[PDB]
Amino acid sequence: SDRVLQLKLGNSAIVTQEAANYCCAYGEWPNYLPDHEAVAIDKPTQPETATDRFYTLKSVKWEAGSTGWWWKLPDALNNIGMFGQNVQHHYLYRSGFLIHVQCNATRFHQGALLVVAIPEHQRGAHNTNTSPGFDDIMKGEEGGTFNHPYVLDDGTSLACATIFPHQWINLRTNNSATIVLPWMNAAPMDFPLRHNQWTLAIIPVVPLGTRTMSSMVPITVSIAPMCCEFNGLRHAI
Amino acid sequence: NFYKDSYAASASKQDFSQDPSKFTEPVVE
Amino acid sequence: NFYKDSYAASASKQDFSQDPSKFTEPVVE
Amino acid sequence: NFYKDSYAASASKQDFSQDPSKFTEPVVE
Amino acid sequence: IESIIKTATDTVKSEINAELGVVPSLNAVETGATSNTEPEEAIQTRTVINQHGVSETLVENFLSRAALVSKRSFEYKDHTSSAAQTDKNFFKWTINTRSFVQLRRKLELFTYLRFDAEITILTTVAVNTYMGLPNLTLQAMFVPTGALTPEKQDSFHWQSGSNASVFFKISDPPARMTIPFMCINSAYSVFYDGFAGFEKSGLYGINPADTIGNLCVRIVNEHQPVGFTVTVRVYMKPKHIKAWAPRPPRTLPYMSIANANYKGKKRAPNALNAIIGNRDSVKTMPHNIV
Amino acid sequence: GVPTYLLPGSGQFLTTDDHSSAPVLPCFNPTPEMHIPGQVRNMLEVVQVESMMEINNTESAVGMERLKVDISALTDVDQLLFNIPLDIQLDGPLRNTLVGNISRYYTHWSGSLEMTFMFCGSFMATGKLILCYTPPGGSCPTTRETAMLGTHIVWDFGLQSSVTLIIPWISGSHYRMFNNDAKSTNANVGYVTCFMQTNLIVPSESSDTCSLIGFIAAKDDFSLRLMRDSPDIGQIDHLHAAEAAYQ
Amino acid sequence: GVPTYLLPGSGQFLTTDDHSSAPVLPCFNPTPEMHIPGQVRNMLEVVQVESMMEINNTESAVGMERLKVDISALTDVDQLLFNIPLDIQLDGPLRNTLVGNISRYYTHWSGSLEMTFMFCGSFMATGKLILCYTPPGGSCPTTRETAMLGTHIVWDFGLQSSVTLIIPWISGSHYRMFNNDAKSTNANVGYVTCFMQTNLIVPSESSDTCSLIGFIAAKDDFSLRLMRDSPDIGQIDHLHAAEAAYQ
Amino acid sequence: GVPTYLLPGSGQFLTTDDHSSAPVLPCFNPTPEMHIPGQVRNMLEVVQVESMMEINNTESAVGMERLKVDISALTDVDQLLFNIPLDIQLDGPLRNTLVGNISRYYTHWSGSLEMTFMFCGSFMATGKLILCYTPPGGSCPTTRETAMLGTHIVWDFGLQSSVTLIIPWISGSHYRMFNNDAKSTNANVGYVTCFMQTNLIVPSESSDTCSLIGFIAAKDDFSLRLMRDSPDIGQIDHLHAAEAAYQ
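So the sequence lines, in the order shown, correspond to chains A, B, C, D, E, F, G and H. Each number in the numbering used here corresponds to the 1-based position in the first sequence with 232 added. Each number in the numbering used here corresponds to the 1-based position in the second sequence with 4 added. Each number in the numbering used here corresponds to the 1-based position in the third sequence with 4 added. Each number in the numbering used here corresponds to the 1-based position in the fourth sequence with 4 added. Each number in the numbering used here corresponds to the 1-based position in the fifth sequence with 90 added. Each number in the numbering used here corresponds to the 1-based position in the sixth sequence with 424 added. Each number in the numbering used here corresponds to the 1-based position in the seventh sequence with 424 added. Each number in the numbering used here corresponds to the 1-based position in the eighth sequence with 424 added.
The hints are simulated quantities; they were obtained by calculation from the structure and are not laboratory data. You may find that some hints are simply not true.
[Unchecked claim] SDA-like, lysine to any residue: derived pairs with alpha carbons at most 20 Å apart: (1) E:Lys-373 - F:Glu-489; (2) E:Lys-290 - G:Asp-605; (3) E:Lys-332 - F:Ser-444; (4) D:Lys-8 - G:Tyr-429; (5) E:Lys-373 - F:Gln-621.
Go ahead and model the full structure; you've got the sequences and the hints to work with.
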């Protein structure tokens, strides 16, 4: 009853048959910006079915010495579809996200994934006092790999990362995880090219293991923006 | 608070509303 | 203000009346 | 007591209830 | 559902429960939810009327503690033949909450904070023979980020036509004033996954809205024939606090005030590969009663 | 005028005082409040979220190997798999938890805890465990006979891959202290041990070593008081670029 | 008597405190108030009056030549005439305005601006311009294709010799800062550029070079806060005859 | 502001002042009150409980021999057995009593006392005593003729093995002082003497020497005031391990 799920957004749809109950982050659902919280006075564009639809990132190979993967939002979508064109032509954006993470294997495989969405994941670098530069943070669509996922690459702890909106993909139980993210900012709208607000982290807490034949197990991420507004129309940079 | 600004007041330690279910039960059903 | 003179009082910061039109629209029509 | 905690108050010297019979007559009859 | 909790919850008595289809102790961690198994559902309980108040773990009480944010000893003397980097009877301080790690780790338990800052300035003095301690007058002028900070003790930026100054003596009680919530956003960003400017050579992690301003502190007195070491300590108490989106606490030691870089200690505890100090085996009990 | 006199404690700076002070910016209008998701109004909301225990706090467990316990098939019955030190104040498996870090800002604590264990083997892996909580007073129980005489739960693996071991509040008075003496009568909580109830039976194509992840949260009868500084952070020098704030 | 105790902050002199103090002339009767024209009760009345931009802040523009922009006839289409740096805090064309000087007494600002351009050629001079406001994020647009994709107004010269380019408040949060970093995401406003929409066509007896005067005011949704000293005045010595006040 | 002025006594620390002070732990929630048996709300509850006099405060009476008075058979009539000094302040038989120790924390006292004497011979032992209280002014009465002219009780041994000698409050004004001058008119209470009314007659198989235990309490008209330190404890050095509290 909570294991089958169809997520229809736009011209996209995802069915899954081994799901958990999906996660609404902090009990919140995405909405458009109301008038008593609006700041920018020009009329926003709301390209509803053109941008509020699933976008599927490149799959990553799930291996024995995997540390973990991360994508920063909206940086992982700033060059994809009509979401990316609205990002490049406008100054302000505001959206929630519906993240669906896919990973399946056989009933002889084991492994657990912590699929966690981290708000304002300011990263740190290891064994230096120089801050992480622009190319170390803005990885784009491909995302990055965790250097030290045990501390979440910021001196904190992976053990306490369940305070953040998360699910698990335990291969014994399910093969997908779904997190519904609202707008998470101290600001109503934001400049999407210099600020990331959600980091989707996907972490091998229990590694992949089997004794049957070794197929490739990938992990696929489908991200749907939800309730996109855009202000400040200009040329594309 | 004899000051004219409302942020000048003392600490407000009487906010006993909780909602643990936005962190412990964030699921939709 | 325990002083007997009215100019001894604190600053009066509650005068929210405006009239910008005496500087922005000083025309007769 | 302008403090917000009730243990901050001054000494409470108005408790004139006695029961000497719990020490002087502790017998059952 | 949001409700008002003033004491911890009571316990109901329970009985023998042997019912099919009902497994309160079985849970699904894969959903992302915390277990809802009650103590009444796992073991057989009694009725306990619980009177333990929950008011000390309030976020107001957890964060409204006056904590040290700044500390400068500076030599108070005649500075006509000193270096270029010395504090010539004055100092400037770009206000942050990230220099002293007790307040830093406590504020970094949250993603967003909205609070009024209650600033307490504690000045102390030592003779740099001994002849006595002067009652010196200090000026702490609040210069916002965007204005000009002074370059001398006797510069003319200290006249403070619009900048808010406080004039206080050492023999007085400490100087105390409240700084409001001064962010251009609705909350301060404790963590900022972003870059401060539109070019790609900005600073990572430092939201410019988060910075309060500068705190320029001088000694208003002219110099005596002898020198003194004046130490100024600044204490911040957050108040009227709203907090959002709690975070994992930092386990590794801080390296810098500018970033979340991590090295860890050399061995456990709080090392890069071992946060908890080791034991012999998973079936070894360290403090076992003999 | 008003005849006054100064009391003891006049002119002091207590760091926990609660007074009004002078506004430095008169008639300042703050930024209007916006709804931000995930507001915390009491730190006992955070303490009730489950978080991973480092039960495998051993050498040769590097990084994330410390967060899982590997169980295998055994050829002897009734064998101990792991035990968990319930000492929160001293550095054990419960320190780096949400219930562990927030409680180390306090001296006294009270209320029930819940341990959750998620089995992360294959679907074909079957097994039964017994998770025993033992009240204090004796040694930690090494055999299953001795350990199951206390509070326990017997768990069958399957479609629901998790149990909760409620650790009940069983104490003399209302609170326990975070004393450095772990063996004190006002600080010792007891022991949690896990045994094979039957065995881990896997087929030949499943991995023969399966993992448990241990979680711990607090219940809603949990309480904390007497706030103190945390032992979990410290410094002996200045941080880097902290001199640049004065330049 | 009344038991009192002194708080931290007792005996300090904050320069923004708001208290009553002792009158130095008891029973003094002030001069009766007379109606004087032009009373200001809020400094946002002054900020809404338009005042001249120095768009021609270049060398060889001396004095009042800086207040006007000379446009001429062009032989190429779609050409850039001028651009205006919207950086109020740093020294640009907006600093010496009524909206510019009063805002430099403050740190934060918000609300819409209006640029007004008066054409000061002959009656026989005709022309069309396009005045483009560009939100921040990229470079300043150099071609008319790039610039007209933002907020613009197309202006025909004639009987009404002025247009208003409303620069809308398009920002993330509520306020912007007067930071010295002009390129910051919390301080950069954007760009205003002007292009020939068609051309300046004059006859042979009109002057072939015509002038624009640029004005800027603030609207009534404009706001300022966090008062600071102005960078626009300073001194390193005493003024003349200031020693004569002590003699 | 409020015009104030400081009184004499401002900034002093009187150790008996009664004011409110700053809480060091804000929003601290104390442990809930439990019913504990035996609550004392006034120290005059304790003073009304009887406790043993050391009437045998002599050399060769070691330890608990001091708590009993040995009486024997006599061959002369009307003989004095013991007398009790009623000087509470000076070190006599009444000092180490519940009425004696609590009263030495005070300077003034008032009200009646009761002396109780329990006969602790055999069942076969018979006898009659006379317990005489004498008001002050003269010497202590040595013969029974002289002593029985005051307040007395004649006691026959038997099934009820105890009498009470009420020592009535017979004083000039309301209170008496605990002066070091025992012979003062505002401190001397009087004398209590015991005589053989008939004789102690025992048989040959009973022990020929029998014992009395003397008790003293205060009545409910008893009162104490003007609190002072007690002479019953002191120190000239530090106690052992009191330096370890600083290490």
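So, going through the hints one by one against the coordinates:
no. : hint                  : in the structure
1   : E:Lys-373 - F:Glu-489 : 16 Å, holds
2   : E:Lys-290 - G:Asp-605 : 14 Å, holds
3   : E:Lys-332 - F:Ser-444 : 18 Å, holds
4   : D:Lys-8 - G:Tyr-429   : 16 Å, holds
5   : E:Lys-373 - F:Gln-621 : 16 Å, holds
In summary, the structure agrees with every hint in the numbered list given earlier.
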